[PDB]
Amino acid sequence: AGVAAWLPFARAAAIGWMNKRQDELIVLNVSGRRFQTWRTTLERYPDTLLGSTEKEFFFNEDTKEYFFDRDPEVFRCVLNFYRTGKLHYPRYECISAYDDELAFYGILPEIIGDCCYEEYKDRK
Amino acid sequence: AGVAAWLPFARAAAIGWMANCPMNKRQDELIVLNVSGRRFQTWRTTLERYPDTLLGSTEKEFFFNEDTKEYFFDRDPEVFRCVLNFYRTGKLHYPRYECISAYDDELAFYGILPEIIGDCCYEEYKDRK
Amino acid sequence: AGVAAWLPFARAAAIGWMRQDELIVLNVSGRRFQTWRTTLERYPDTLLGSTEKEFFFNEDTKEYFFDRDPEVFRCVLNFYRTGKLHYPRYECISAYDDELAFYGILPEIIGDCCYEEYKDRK
Amino acid sequence: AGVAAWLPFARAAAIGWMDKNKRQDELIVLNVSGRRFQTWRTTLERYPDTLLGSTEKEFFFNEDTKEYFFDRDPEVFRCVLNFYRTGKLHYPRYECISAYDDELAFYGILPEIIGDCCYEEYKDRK
Amino acid sequence: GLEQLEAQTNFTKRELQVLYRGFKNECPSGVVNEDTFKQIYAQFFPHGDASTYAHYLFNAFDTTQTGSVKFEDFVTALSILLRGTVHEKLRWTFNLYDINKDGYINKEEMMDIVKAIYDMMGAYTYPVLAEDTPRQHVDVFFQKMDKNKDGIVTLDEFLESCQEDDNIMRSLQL
Amino acid sequence: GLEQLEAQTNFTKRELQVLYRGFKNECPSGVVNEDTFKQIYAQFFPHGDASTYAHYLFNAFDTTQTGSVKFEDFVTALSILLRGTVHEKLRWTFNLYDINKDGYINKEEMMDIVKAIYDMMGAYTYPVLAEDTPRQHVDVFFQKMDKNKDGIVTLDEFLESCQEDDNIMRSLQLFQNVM
Amino acid sequence: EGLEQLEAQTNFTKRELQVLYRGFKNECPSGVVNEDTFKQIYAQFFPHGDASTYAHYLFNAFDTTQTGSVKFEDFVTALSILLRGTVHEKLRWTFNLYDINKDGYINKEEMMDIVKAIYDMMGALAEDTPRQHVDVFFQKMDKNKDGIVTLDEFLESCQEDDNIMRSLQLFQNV
Amino acid sequence: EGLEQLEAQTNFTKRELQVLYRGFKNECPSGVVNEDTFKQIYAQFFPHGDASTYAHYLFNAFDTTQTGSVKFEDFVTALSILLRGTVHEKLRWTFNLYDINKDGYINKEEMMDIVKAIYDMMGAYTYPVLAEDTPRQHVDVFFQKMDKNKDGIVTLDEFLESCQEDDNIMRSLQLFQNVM
Ligand SMILES: [Ca+2]
Ligand SMILES: [Ca+2]
Ligand SMILES: [Ca+2]
Ligand SMILES: [Ca+2]
Ligand SMILES: [Ca+2]
Ligand SMILES: [Ca+2]
Ligand SMILES: [Ca+2]
Ligand SMILES: [Ca+2]
Ligand code: NA
Ligand code: NA
Ligand code: NA
Ligand code: NA
Ligand SMILES: [Zn+2]
Ligand SMILES: [Zn+2]
Ligand SMILES: [Zn+2]
Ligand SMILES: [Zn+2]
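Here the protein sequences line up with chains B, A, D, C, H, E, G and F, keeping their order.
Per the authors' numbering, the first sequence runs over residues 3 to 20, 35 to 140.
Per the authors' numbering, the second sequence runs over residues 3 to 20, 23 to 27, 35 to 140.
Per the authors' numbering, the third sequence runs over residues 3 to 20, 37 to 140.
Per the authors' numbering, the fourth sequence runs over residues 3 to 20, 33 to 140.
Positions in the fifth sequence are counted from 1; adding 37 to them yields the authors' numbering.
Positions in the sixth sequence are counted from 1; adding 37 to them yields the authors' numbering.
Per the authors' numbering, the seventh sequence runs over residues 37 to 160, 166 to 215.
Positions in the eighth sequence are counted from 1; adding 36 to them yields the authors' numbering.
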């Protein structure tokens, strides 16, 4: 996302041989809980529901926000996966409860990091 | 809820013959469920899915606030997640952290029967009740 | 609270011989909790149930504000709701005793369901 | 923070031998991925030289929304804020170790300022 | 349903809600059987026993005869007792006293009621001051309610008898 | 893409959304294979079996022939069935009946369809062990659809045959509203 | 504790009293301050000093209610006096702190205790004698030289002092 | 890390500096960038290339404070120069990067290092990029068109005046970048 801002240090070392797109916070209404994140944060994994174009089907013209009638809790993880690279398994939620959800948002079962794919094994 | 939109593919295959049960409509609003503070939101239809349970039914009319223009429940907002989520996916899940008693109490209130719990959780609902 | 409304069925059987309610708003670190005033009145002589909470009322914001953890507060509010105080089988013991001491709730008014688990990890 | 208000009971016992006035208190609003956390400014000031306690947070203030916004996980943030509140930093005996170390590193809190209650469980699953 | 109840009882929607929230808390059940009924009075009085009265209160309802008492029964009952005509309020008491539902109150069953309340309320069925015997309490009732002296009190006997009573009428309105 | 679908079908953006939310729930997958197709009708009727019909419904699509049915197929299908011209709605039904895709419907494959729907609904459930056999039902169809009596019903035969039918026609127009 | 009483019966506004209460409620959630909390509440006051002994003198400078422990209301009156009260009141308050055994008399014996107790709290930076500090006090406070300083002697003595009067008036916001 | 200083002492607005800080704070929460982070921060830059060696040259192009590690304030001045500074400033900045051993002189020896270090960062072999232009026949074009008097040594003034003469190396430099 903000790695773009490091490239000019590269471009600098070429010299001698060899607007932008302003950012918004977008508002993800989830059964009530109003989640907020930087547009870029979502763009990080395009070709997954939020990262992609698909979410346009959940945008409300009036409320001026994306709304999903899904569980707000699991959505924490999904969002947090866009944030740190890692998708974590909440060692409390039911396996089935949260696979269902991963299948919806377009995230694959075991992009789960090493910390949690351990516990994702021992109770699935 | 959105299964209604698949029935015309069935109704299509009748044309040319045809008892039967492959027969404007009504609206759709999001309704607002205020629960101790946490303002839950869901599609009206989502609730209508299991009528004869508190929210699914007419009973909830007793919890509607004319002014605030919302349903308000002075219950625990957490367990309410499961109750709402049961209307959403078919499955009622047992949160493997909450106290059994804490959440039966609540199921009894909203009109949901103890073990409509799916196979995933009626396992854990057993081993600590 | 609403038991008063059952009494006339008693007073009825004597015959022949012998002001309103608000929801109050509990701002907790941000999370705006809401409950019926009566709900709190149920255990007076505990912070919320009592007069003490007047010290946490904000004239402007027009609400009670507590710079405490919003999570544990769930249980405390829920104790006013159903009679039972539950121990969240995830939170740290110390984390939540600290809080019980603040709101004026005694360590083991905990129901039989949870005073089991409150034992085995304290 | 409010220990200053006990110092005159000391100063009183001297009698017989032996920003000057420009800071009020505000609640500040910490927007975290949505969940709007609220705390007393002083509460944060309690550990300066950690992101919120310090000047660093100025980089996360929004002029318009008039609040600090963090695109971090709102849940772990509870602990981080709660650490400023009671002295103690607790390990939520449910969250993933990694998930929450990552977060501690961001906010400038050291791994084991964890109290005795939780540095027990922080051991047995790290 | 709420707007029916508004129409078919003396309560406003506002009122009916508070009543419902009252009810829904005394049993989440939604259906009150006798056991809930009993323990709902366990509070009513500190160290007294309202077990036996609960029973009489219970089959004072079951007017629908559907095994248990639903909320709608509860609010009509209350609508009568708090707002109804004197006649209605009085007939309601009469049906409570007439345990076996036959429109006749006899010494036999009035004793039951008075004992059943004494038990609830905690009072002795044998005090220092003798005038308090609930035998000596049914007696005052009948000798000042049973008009002809046939030892049997009918609804009309009970109705007309209470209208004559200047206080068991003010007791019955404000 | 949403604003294409709005242009290239009879639905408004609003409607398409509802439809998408409908679809995305019946399979998060986004791709409907036959198995999802089958169990998506498991609900349709209580104790009936729509297994065999699911198959006919499935390769009534695969019009793209990409192994599976994507949402855009599903919404065109519906745009035709709920909003399209009589001709369009009719041609759609014809293609469903013409199992082996050759523009001809024969007694052989009409039997399949009728049995496949009977199965879905439940001839023996609690009505009575077949109202009429699927046989005496194909026969009424052909004897009142196959114009010249060559035992083979073509699209034009089926089209012109249904326009003549006052009621098959009203059933086909009555304005459905997704929403 | 009740807030609008305190507002009336002390020199603080509701606003102020709240800040004070939130101050108090954090130094002990308890709500009740015993001597041990009292001691450790000064553990911070100074880095590596010991206010253990002073805590004790501070404690039974309260217990004015004599209810075993010091409630918040005591704490705010104390402060209302110390930050806002009349010179007389602020002075009388100090006198009561110095008069350890509550008899209205301060003698060399107990003044030494106080000074040592504060020196301990502070740096147990220093050259001023311990004894040679009570002496300066008495020789410039005990008017007639009977070695005993009374309230009136202490009062009139401080009013004369053209800086111990500025020590007292100058300073108060909560 | 004071924000309103940075606003004054760089070419960025408070708004921009914030975006930059959030950028930085994410590529290392650390707050302090050592060479290893530096390296793996470019691991992304290109798919299957190796920017290991270039990371090193980039690193001790900073350490201008010489405090062992590079703090954010260094990072933003650098950027302030590279995206907003004068041609001279931008140019001097590049020169210091090329002058590996800090002596104000660039020789064939160390220019080779740089060009190899960048080629590595991309694909002068990385299967498909299959490059052919040597790292040698590239330094040579540089010197033969930068080292004015042909003494095989290029100085700052030689490099400055040489690039101003170059119409294209000039409008590249200036084209207004956008940190936002
Ligand atoms: Ca009878
Ligand atoms: Ca009679
Ligand atoms: Ca054919
Ligand atoms: Ca033919
Ligand atoms: Ca003395
Ligand atoms: Ca004297
Ligand atoms: Ca050199
Ligand atoms: Ca040269
Ligand atoms: Na009415
Ligand atoms: Na259209
Ligand atoms: Na005052
Ligand atoms: Na500037
Ligand atoms: Zn993890
Ligand atoms: Zn489950
Ligand atoms: Zn429990
Ligand atoms: Zn802990």
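Heads up, some of the hints might be wrong.
Stated by the list, open to error - Derived DEER-like restraints, expressed as beta-carbon distance ranges:
no.	chain 1	residue 1	chain 2	residue 2	range
1	H	41	B	37	31 to 37 Å
2	H	49	D	72	29 to 35 Å
3	C	62	F	193	31 to 37 Å
4	G	70	H	49	39 to 45 Å
5	C	63	H	73	55 to 61 Å
6	C	108	G	128	56 to 62 Å
7	H	41	E	76	40 to 46 Å
8	D	72	C	63	32 to 38 Å
9	C	79	F	193	32 to 38 Å
10	H	189	A	133	56 to 62 Å
Unchecked claim - Each computed PhoX-like pair below joins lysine-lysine, with the alpha-carbon atoms no more than 20 Å apart:
no.	chain 1	residue 1	chain 2	residue 2
11	A	36	E	107
12	B	36	F	75
13	F	152	C	80
14	C	137	D	140
15	G	61	G	50
16	G	144	G	181
17	F	184	F	75
18	B	71	E	107
19	F	152	B	102
20	D	137	A	140
21	D	71	G	50
22	B	137	C	140
23	D	71	A	140
24	G	184	G	144
25	D	71	G	61
26	A	36	B	140
27	H	50	A	80
28	E	50	B	71
Said to hold, decoys possible - What the simulated footprint calls covered on chain A by chain B, stretch by stretch (three residues with Cβ under 8 Å from a Cβ of chain B suffice, anywhere in the stretch; the number is not a length):
no.	stretch
29	86–99
30	112–123
31	127–133
These are computed hints drawn from the structure, not numbers from a lab.
For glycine and all other residues, C-beta sits at the position ideal for the given N, C-alpha and C.
* Okay, the stretch 86–99 of chain A and chain B, do three or more residues pass the C-beta test at under 8 Å? -> Held - the stretch 86–99 of chain A has 4 residues with a Cβ nearer than 8 Å to chain B, which meets the minimum of three.
* To do: Kindly confirm whether 32 to 38 Å is satisfied by the beta carbon distance between residue 79 of chain C and residue 193 of chain F.
  => violated (50 Å)
* **residue 36 of chain A paired with residue 107 of chain E [C-alpha distance capped at 20 Å]** => Distance ~27 Å between residue 36 of chain A and residue 107 of chain E Cα, so the pair is violated.
* Does the structure keep residue 36 of chain B and residue 75 of chain F at a Cα separation of 20 Å or less? -> Since the Cα atoms of residue 36 of chain B and residue 75 of chain F sit roughly 26 Å apart, the hinted pair is violated (cutoff 20 Å).
* Asked: Are residue 71 of chain D and residue 140 of chain A close enough, with their CA atoms no more than 20 Å apart?
  -> violated (37 Å)
* Given the hint that residue 71 of chain B pairs with residue 107 of chain E, does the C-alpha gap stay at or below 20 Å? -> holds (16 Å)
* To do: Verify the proposed pairing of residue 36 of chain A with residue 140 of chain B, using a straight-line Cα cut of 20 Å.
  => Outside the cut-off at roughly 43 Å; violated.
* Do at least three Cβ atoms from the stretch 112–123 of chain A come closer than 8 Å to Cβ atoms of chain B? -> violated (count 0)
* To do: Measure nothing beyond the straight line between the CA atoms of residue 50 of chain E and residue 71 of chain B; if it is 20 Å or shorter, mark the hint as holding.
  => holds (13 Å)
* Asked: Between residue 137 of chain B and residue 140 of chain C, is the straight-line Cα distance small enough, at 20 Å or below?
  -> Measuring from Cα to Cα gives roughly 18 Å; hence the hint holds.
* To do: Given the hint that residue 184 of chain G pairs with residue 144 of chain G, test it: the Cα-Cα distance must not exceed 20 Å.
  => Judged against 20 Å, a Cα distance of about 14 Å means the pair holds.
* Asked: At the C-beta level, are residue 72 of chain D and residue 63 of chain C separated by a distance inside 32 to 38 Å?
  -> For residue 63 of chain C against residue 72 of chain D, whose Cβ atoms are near 37 Å apart, the range 32 to 38 Å holds.
The earlier numbered hints that this structure contradicts are 1, 3, 4, 9, 11, 12, 13, 17, 19, 23, 26 and 30.
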